[PDB]
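**Student:** The lines below spell out each chain.
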Amino acid sequence: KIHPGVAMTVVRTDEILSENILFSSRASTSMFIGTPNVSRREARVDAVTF
Amino acid sequence: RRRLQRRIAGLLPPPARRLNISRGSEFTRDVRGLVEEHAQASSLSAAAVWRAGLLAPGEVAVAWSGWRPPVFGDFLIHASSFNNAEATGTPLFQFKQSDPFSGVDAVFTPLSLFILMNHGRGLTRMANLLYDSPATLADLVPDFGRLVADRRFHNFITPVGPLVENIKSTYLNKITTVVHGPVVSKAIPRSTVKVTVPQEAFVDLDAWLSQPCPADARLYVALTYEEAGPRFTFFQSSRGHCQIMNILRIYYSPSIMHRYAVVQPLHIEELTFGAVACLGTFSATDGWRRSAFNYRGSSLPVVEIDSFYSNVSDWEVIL
Amino acid sequence: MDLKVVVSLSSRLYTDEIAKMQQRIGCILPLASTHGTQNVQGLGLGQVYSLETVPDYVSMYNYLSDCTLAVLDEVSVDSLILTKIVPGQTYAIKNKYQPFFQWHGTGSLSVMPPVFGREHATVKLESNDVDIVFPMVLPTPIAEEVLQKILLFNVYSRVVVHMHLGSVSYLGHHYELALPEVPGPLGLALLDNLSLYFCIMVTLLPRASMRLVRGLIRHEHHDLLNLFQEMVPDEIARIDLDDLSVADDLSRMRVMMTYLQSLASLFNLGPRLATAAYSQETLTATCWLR
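Chains as they are written, first to last, in the UniProt record's numbering: chain A, 1037 to 1086; chain B, 9 to 71, 82 to 139, 150 to 238, 256 to 364; chain C, 1 to 160, 172 to 301.
One or more of the hints may lead you astray.
[Stated by the list, open to error] Subject to a maximum C-alpha distance of 25 Å in a straight line, what follows is the list of computed DMTMM-like cross-link-like pairs (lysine to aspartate or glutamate): (1) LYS84(C) x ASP331(B); (2) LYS94(C) x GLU145(C); (3) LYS84(C) x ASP1082(A); (4) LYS4(C) x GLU1078(A).
[What the hints assert, rightly or not] Interface residues of chain A toward chain C, partial, derived using beta-carbon atoms under 10 Å: (5) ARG1062; (6) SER1075; (7) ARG1076; (8) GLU1078; (9) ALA1079.
The set of hints was computed from the structure by calculation and includes no laboratory data. Every residue, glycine too, gets a C-beta built ideally from N, C-alpha and C.
Start from the sequences, fold in the hints, and give me the full structure.
**Tutor:** This is the structure we're talking about:
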């Protein structure tokens, strides 16, 4: 329990679970909505994957 | 030359790949025509057969689709060499009999194939419960001990894949197994079939290692030669065959020097430490859901590889 | 069946990478998953072959065989369309590999980790601050020649001749390939399995054929024999003293032919492509996954 001749500065970090609030002005961003088409991926032997 | 236009009209349309649907509750005829895959079993009327379209050449079409029709190899075995309480989805193994004109083959499920190994030296409780006498199975192979003793047992058994239908005959049982293709049952309610392998005989090789995930993780069988009687283990992996031989050598690294320490290899044929064979592929995501298997008395833990695609290969020796 | 995978870029793309990537159309690329849309991470071998100085070719082979394969045809800003490769389907594969390998008629293609330098098949995507490398595809005889040249460099590391091993030769052109010094314990594990097979070969190798080849070099001379320089090896002197017997020769061959199938199948690392009908005027071929 005897001090050495050299000190230290213990750095560390802390994770904090915050609740953010998102605000934006009206008509900020124009976008285009596509056509929601379906597709057929894979024919596994008893089950197909769309 | 206008009839060629009608011929190219009858030949053009592929299966529908894209479909710009609008809403879900409407259920348009076009999305139904995309999702309607034709059946295989229907009632017996010529209009019903015509709507079912089973008369179409090769693949089914109402007067190619990335789907394969399954083949169904047929076998004949004696009634005592098999238990009718076997599961539907279980892989099978043919042993080639030594008679030149045979007719009646000899098929071993891994539960039955266990008692060809234990007699001569849980899971073994059920294997002795179902097939009660080993003597009714010790004779289908004529010379088992000599064939283990020179280590040419693996090139005599070719895997035939999973079982489908067992018409429980009286004396000469006829079973149907899928050697190749989409494993699906021939029932009038066409129910799904899941290939089962008993849990203690089946060690995962993925979580045995404890980012690239493909869709088709294969299932490997492996017969291994032990001085404590040979063993049939099964393997699930998402690797190539090049990877499967190296990681199986690293997995069997205790057993090889175990056999080396107990039995010195006096001749030149004992050095073969068993072999492997791809039994086929399945879905890598929904794989190997556990389940339970009851006989009248007991219950062994058992895995269920669901919606399996059978594809047998030859034997590649482990060393 | 619909096999289209679109990969979304997380940022924009500068015009030089656009011009470079539109040259790289039709090449084989690997993917992380097999799902609908993916991001730029997980594409290419650059995640396992990083921007470093020591490669690892066999782990690159493992990453190639483990993951799926695709082909890149349509590339634009923020988005580029890929087409997957699944067993059961046929495809067209174009020959846009800048070490210009002339393809044999109806042979078999093989994918390959980039042996001809990292900078040769690489697009630097600094906009998404990552790198996409392009895996080489070249025919199977040149594939086995490169692979056995790699392993012979790995085993002759500890001995010394260098230019006669680390440079391939073809009818089209001879090329140089990048050589590391250690491939780590996975390359040592490949050498482990190779030496395992080899030592059990020289346990079980037949002795009728040595008694043939002694009198055959002393009788005949061939291109299959002039590598001995008309000198019998010493183990031919200290092995052919024994008599010649048929039964143990058959029992030796009955395990030798079993083991050599495994020794071939151990060199099956990397996905193989048995293609058909290559045309020297379209620079593409009808291929499918074996």
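**Student:** What hint numbers does the structure not satisfy?
**Tutor:** 5
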